[PDB]
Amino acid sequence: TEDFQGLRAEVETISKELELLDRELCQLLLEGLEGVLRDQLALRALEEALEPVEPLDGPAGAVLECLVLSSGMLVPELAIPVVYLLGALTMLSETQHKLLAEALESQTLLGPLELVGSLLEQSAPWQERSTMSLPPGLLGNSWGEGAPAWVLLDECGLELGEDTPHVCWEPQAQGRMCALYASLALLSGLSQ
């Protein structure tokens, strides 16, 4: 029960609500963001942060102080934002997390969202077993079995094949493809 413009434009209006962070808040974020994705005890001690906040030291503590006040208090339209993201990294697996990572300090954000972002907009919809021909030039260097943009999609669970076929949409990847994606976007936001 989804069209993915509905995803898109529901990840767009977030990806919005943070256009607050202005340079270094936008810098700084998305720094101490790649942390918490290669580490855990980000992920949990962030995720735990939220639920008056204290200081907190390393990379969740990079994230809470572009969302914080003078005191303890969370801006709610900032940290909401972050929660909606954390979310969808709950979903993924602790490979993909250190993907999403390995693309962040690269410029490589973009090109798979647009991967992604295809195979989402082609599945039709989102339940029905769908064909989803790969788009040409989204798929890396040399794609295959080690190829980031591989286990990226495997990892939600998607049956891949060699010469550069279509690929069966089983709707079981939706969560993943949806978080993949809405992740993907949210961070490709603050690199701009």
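Numbering follows the first chain given and starts at 1. Under this definition, the rigid core comprises the largest set of C-alpha atoms superposing within 1.5 Å between the forms. First, how it differs from the form deposited in another entry.
Of the residues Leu158, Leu138, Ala60, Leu29, exactly one exceeds or equals a 2 Å C-alpha shift between the two forms once the rigid core is aligned, and that residue is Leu138.
With the core superposed, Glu12 shows a C-alpha displacement below 2 Å between the two forms.
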Second form
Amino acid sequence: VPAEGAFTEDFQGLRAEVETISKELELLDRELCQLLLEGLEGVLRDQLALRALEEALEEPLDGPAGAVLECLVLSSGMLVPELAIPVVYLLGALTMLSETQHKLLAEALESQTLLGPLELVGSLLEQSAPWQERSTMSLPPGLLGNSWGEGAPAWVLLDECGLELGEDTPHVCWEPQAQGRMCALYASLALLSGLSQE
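In place of the form deposited in one PDB entry, output the structure of the form deposited in another entry.
No partners, no molecules, just the chain.
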């Protein structure tokens, strides 16, 4: 009577939900995708630019927020929902992440290394079901080809989500408190992957 089902998605649900937005990006001109990622990479390095871009989807701007805008706007803008909405869904995700994670997302964009973390986070989400239960995981990141150890980017991304990380087994221990941010990280990495290329 109070609602039609459970509170929490499974990974397949989360994957499905992000994939519909991701397909609208996957079907776009490679020229436009190159321009957005160039801007988004910049916006992820400047938290103030990020705030401006978001405020601006609620007239031209300077800098990275302005560049992103120009991939979503007619002359005279005239914001176009079919492009602007996907970027709103990404920007929403990014509000759950730390500044540190944004910069790593920037670094991942520049070095064009998004599929490694995507596959890591993605696979931790899938194996962590059900997300409400704390659990230790057999999965070691290094054996998928990521750098691993306290300084590594994959480490920091996951540390900022709130997982407890070891340099030896168990490498990853799932904390239900990290649900929000891993799901937002997965979504951010996936949306950014849809643009480039792939």
